[PDB]
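Read the single chain below, which is given as structure tokens and is the form deposited without ligand NPO.
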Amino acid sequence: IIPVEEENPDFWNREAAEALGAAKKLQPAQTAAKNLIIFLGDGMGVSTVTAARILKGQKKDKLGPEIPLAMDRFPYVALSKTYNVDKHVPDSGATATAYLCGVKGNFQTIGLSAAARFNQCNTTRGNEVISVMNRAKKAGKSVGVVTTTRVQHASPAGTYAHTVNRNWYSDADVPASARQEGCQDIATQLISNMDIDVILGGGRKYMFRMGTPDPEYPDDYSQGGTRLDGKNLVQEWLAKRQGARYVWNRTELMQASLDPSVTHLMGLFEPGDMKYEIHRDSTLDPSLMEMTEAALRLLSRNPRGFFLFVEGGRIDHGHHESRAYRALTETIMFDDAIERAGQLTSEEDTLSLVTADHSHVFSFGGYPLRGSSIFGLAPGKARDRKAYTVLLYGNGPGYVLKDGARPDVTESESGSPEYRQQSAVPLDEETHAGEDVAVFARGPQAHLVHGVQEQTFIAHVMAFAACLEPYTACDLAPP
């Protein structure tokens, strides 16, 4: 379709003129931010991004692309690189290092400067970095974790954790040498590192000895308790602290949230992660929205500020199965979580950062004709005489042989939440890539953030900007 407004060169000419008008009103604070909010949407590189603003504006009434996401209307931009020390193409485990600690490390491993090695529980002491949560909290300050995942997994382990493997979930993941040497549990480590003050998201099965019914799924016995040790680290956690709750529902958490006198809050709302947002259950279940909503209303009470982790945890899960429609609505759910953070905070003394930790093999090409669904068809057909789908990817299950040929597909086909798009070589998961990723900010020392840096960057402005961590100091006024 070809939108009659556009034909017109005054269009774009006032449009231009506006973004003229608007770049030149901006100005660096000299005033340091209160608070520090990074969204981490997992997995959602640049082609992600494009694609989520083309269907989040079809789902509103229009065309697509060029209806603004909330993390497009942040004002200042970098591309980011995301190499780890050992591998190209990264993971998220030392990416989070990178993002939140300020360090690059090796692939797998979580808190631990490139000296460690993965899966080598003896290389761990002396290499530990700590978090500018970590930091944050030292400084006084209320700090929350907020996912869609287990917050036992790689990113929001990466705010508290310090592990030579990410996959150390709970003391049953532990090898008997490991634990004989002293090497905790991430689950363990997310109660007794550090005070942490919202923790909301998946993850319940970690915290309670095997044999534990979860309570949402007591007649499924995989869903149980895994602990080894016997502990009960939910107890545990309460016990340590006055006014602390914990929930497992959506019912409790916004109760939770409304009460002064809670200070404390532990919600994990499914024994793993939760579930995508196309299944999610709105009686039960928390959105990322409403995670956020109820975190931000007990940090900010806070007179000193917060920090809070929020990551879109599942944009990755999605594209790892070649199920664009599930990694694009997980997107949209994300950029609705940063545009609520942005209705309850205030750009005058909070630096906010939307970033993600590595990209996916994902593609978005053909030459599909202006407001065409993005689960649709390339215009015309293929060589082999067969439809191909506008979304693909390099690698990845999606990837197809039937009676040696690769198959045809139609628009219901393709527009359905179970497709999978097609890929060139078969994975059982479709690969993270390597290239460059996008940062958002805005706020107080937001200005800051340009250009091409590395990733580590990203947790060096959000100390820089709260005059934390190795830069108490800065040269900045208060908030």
Given for the second form:
Protein chains: 2
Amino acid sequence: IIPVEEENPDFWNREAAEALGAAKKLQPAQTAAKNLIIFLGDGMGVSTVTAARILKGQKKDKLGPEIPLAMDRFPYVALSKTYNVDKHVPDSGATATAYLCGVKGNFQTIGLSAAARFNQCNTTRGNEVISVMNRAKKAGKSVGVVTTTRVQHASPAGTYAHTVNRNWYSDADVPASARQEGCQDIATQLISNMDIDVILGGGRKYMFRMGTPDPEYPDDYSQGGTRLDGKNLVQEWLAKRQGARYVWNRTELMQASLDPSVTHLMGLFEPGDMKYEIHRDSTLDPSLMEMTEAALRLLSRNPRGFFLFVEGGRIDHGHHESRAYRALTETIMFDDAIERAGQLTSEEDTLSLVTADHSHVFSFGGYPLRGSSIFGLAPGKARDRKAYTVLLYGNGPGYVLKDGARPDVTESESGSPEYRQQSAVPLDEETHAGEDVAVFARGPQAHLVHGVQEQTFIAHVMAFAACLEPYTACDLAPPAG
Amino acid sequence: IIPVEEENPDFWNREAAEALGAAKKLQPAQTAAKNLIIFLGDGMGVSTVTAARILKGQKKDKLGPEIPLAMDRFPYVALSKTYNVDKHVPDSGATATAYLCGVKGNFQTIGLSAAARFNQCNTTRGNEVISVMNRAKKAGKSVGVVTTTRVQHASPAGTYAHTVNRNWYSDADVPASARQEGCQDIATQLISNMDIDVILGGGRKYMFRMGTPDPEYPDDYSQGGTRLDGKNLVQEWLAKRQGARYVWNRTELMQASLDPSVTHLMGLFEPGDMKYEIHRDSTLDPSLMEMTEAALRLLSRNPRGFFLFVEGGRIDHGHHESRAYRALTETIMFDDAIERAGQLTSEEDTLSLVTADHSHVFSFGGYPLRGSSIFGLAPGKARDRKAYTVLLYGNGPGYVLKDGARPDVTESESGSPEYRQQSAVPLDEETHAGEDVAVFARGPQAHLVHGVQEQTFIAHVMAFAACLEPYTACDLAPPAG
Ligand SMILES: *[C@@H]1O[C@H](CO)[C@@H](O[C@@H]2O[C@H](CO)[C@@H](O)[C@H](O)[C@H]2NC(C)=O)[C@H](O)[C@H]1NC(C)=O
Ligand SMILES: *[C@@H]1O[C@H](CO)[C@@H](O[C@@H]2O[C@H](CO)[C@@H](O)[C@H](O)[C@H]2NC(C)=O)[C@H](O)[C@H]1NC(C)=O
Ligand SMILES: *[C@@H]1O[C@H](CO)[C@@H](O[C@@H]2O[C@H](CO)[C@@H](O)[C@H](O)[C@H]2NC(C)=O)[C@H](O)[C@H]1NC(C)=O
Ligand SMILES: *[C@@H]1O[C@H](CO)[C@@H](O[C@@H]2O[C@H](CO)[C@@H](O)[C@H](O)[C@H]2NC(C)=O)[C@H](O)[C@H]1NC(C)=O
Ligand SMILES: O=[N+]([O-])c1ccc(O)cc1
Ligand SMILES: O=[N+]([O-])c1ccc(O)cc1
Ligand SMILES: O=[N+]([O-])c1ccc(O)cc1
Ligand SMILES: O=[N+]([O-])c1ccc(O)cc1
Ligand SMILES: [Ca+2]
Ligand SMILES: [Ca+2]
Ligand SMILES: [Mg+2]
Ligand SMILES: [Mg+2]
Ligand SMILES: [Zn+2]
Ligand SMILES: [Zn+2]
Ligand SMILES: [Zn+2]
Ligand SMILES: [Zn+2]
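In place of the form deposited without ligand NPO, output the structure of the form deposited with ligand NPO bound.
First the chain shown before, then all remaining chains and molecules of the complex.
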């Protein structure tokens, strides 16, 4: 459909004039950032962003592509080069090292330089690289990790852990030789490496000994504790801190986030990853946006500021399943969380970066009409006289041959939350993609986010803006009020 | 392969420190742009850019992803929203209207507001939107159109033409009713609508009457003149201007570009589109980089400055064939032309924008090792136990079923210049993609290129920087020396 108002050149001329005016108004801060927020859309490449924009636009009864996402309103944009040292198409572990520690590493390692080797515990020591979040804590800031994945997953783990193997969630995952050599599982590192004021997400199971019933699924043993060392990491964590509270559900999170006496908060809301937003139990589980607000309630209390990590962690997972409906609905909730954080913090003193660790082989094509569903069919048949979808994958589990040929697709089918878009190559999981991702930035020193940068730049600009090591001689004035 | 130097965190810390220093040094101009250059990579989305970077990096005996493209060195980056008014996934015609005239239009129309309708001649009048190039000419600047496609193709046509139908190359293409109603073919508009100082690219055939032997293929009648109105548009064009020269080959282009008496230059180097760079006859045909230099030699003579359009027009075509080797080799030559223009002009007085009209459903995935060929196989077999390529398409003519199944692929095969990467959906031509593309900017007022913008912003920022209508009251100081 053609919006009548857009037929008039004046519409476009007025908008562009408005855009130029806004562009001219942009000025760099002379002051430091009190607070640092990184919003990480795991797997949220450029094609995910645009597709999510269209979906969200239509959610609010608009045509789609013309409505800005919250992230679209960020003034400063750069392209981020995501390659790991050893692989062109990266993983979450080694990209975390780049955007959180400012050093590139090798595929599937976390918080380690590329002198380390994956799954070789004895290459660990001397290669630990300290995250910006760790450095923010050392400077007396409060720090928060918020994600819809396990809190021990690769991305959040980049804020606190150093490991040659991202799969080492609990001691149960670490080979005897590595345990003997002192390589700690990530759940242990979560509670031991550094003080973290707010930890919100999934990953209950790795914190408790085998046999421990999950409090929310006490009748499903696969959801229970995983530990073989007899440790209760939650109790150990609680015992280390006065003001500390552990919650496993939304109601308790709410109570804690408003409780003046709660100084340390660990909320682990599922045994593993949190449910997709479309499957979330809104009585039992906080959304990413709600966890973000909960984190902000506690973190904002520290006069010295905070570092907050917020991950749209299951965007990635949606794409891996080649279920764009899940990828994009996670992306919109991620954008809602970004919007909410913006309402609760001031760009006068808060440097906010939105980025992705890497992209996916997700594409948005065909020649669909303005206002058509992103989950719809491309107008016109493919060369095999069957329909195809506007959303497709290069590879992944949507590759199907029914009776020797590519199956036809209907709108009802293509529009289902369970639908897997077709791909060129069958894989159990769709792969990451290696192309540049966006960095969006707002707040003090955000203007430094520019051009085409190595992914490591994200960590460095944040450390610089807050005058953290190695930029304590930042030469910036104190954060603005 | 893991580069030893990258194993040391110092390598990454030093680079990022260097990046921060460079970022801090950036300052906005207070002065206008004397010259305007738009480099348009047709179809050159984010995944094309990164893939081209890797290929070019390895061309110069490096690992790939760590080596900047010429365009990567541009300080200012924005994301551009490419939707046409009527379609989410756009064409070149209506995107040209946006980035050249500053108004969005309807799919397959050029230089017209969205009140016009495709292929309806009688909806033309009153909807003409004037390009920045036209406005630059009105202000006394010299103007140049340089492309590897027909000069009457959608992109270059956006600089000078207004038509409801991009397919109207010569009068032979225009229906009788439209001819009767005064809708001029693009070749006529090329010579009639405005004065253009330099016109370089393909499209000889549309300029000459049927029966006219092409001077370069006088034995292939399909390459001859197409016109049914008896017009020789080249002679008509030459007759309109003293100092005017027509060339159809590289040697004559060279001579003209250095000739002080040549004030108007039309070089049409193929009957239709120019050959892919990999097929170019370097004795008969100028590369895009050479045409760019030829254009610059003449355009730079005007003390009032110039507007130059330079298109990597066949990047798009490579992707349509799903032959990434062609898409990416065109992209590298486009980047070489960008580099060359930068050596021949000063960012003190020249605003240079590099962008794409739209992207393609091209993806870069699998998990290939550092330094591996971009045209190589993903490590490890697909779910069907056959190999697959790191480069794939969502749709297009690389979809194959040999004997009921996805064919295996070898490195020798995947690496051929004729190889079509596989896709999920068979189409004669791979489709454009609707996701945001990059805008890169350098020079006076380039800092205004920021954030996420409508594609129309490209035209407006250029007009504003040069203080052209509708921004003659730009409030900028004269261009710097
Ligand atoms: C990490 O530990 C492994 C396992 O013992 C070491 O690998 C051995 O190295 C020796 C000497 O090169 C070889 O002869 C053996 O074949 C290796 N054993 C295995 C099981 O692979 C390795 O050298 C250690 N690396 C460091 C940094 O100490
Ligand atoms: C959220 O978690 C709280 C804290 O564990 C749960 O509160 C317990 O509920 C049981 C059963 O109703 C009671 O016997 C206890 O008094 C509660 N424990 C504490 C320490 O408060 C609560 O039930 C959970 N909410 C939901 C909806 O499951
Ligand atoms: C453009 O020309 C076409 C062709 O004559 C016009 O279309 C006709 O419009 C009348 C009135 O609505 C219809 O009864 C006919 O069916 C149409 N004919 C065809 C061939 O489609 C159209 O109205 C013209 N538009 C303008 C702006 O004048
Ligand atoms: C490039 O174009 C020029 C100009 O048309 C060609 O020059 C002509 O060549 C023919 C055959 O050799 C001569 O009879 C004429 O004297 C030339 N014409 C003019 C006006 O100079 C030239 O041959 C072309 N070059 C190539 C390599 O084909
Ligand atoms: O032994 N276990 O793992 C158990 C036992 C009881 C229960 O409700 C849950 C788990
Ligand atoms: O847990 N919290 O602090 C919350 C919970 C729900 C909500 O809507 C906002 C904040
Ligand atoms: O009639 N024609 O189109 C012709 C005739 C002669 C020739 O060499 C080329 C084309
Ligand atoms: O036609 N030209 O002006 C040219 C031709 C070739 C070249 O290498 C540079 C410029
Ligand atoms: Ca739960
Ligand atoms: Ca030629
Ligand atoms: Mg993650
Ligand atoms: Mg083009
Ligand atoms: Zn990831
Ligand atoms: Zn992933
Ligand atoms: Zn195009
Ligand atoms: Zn195209």
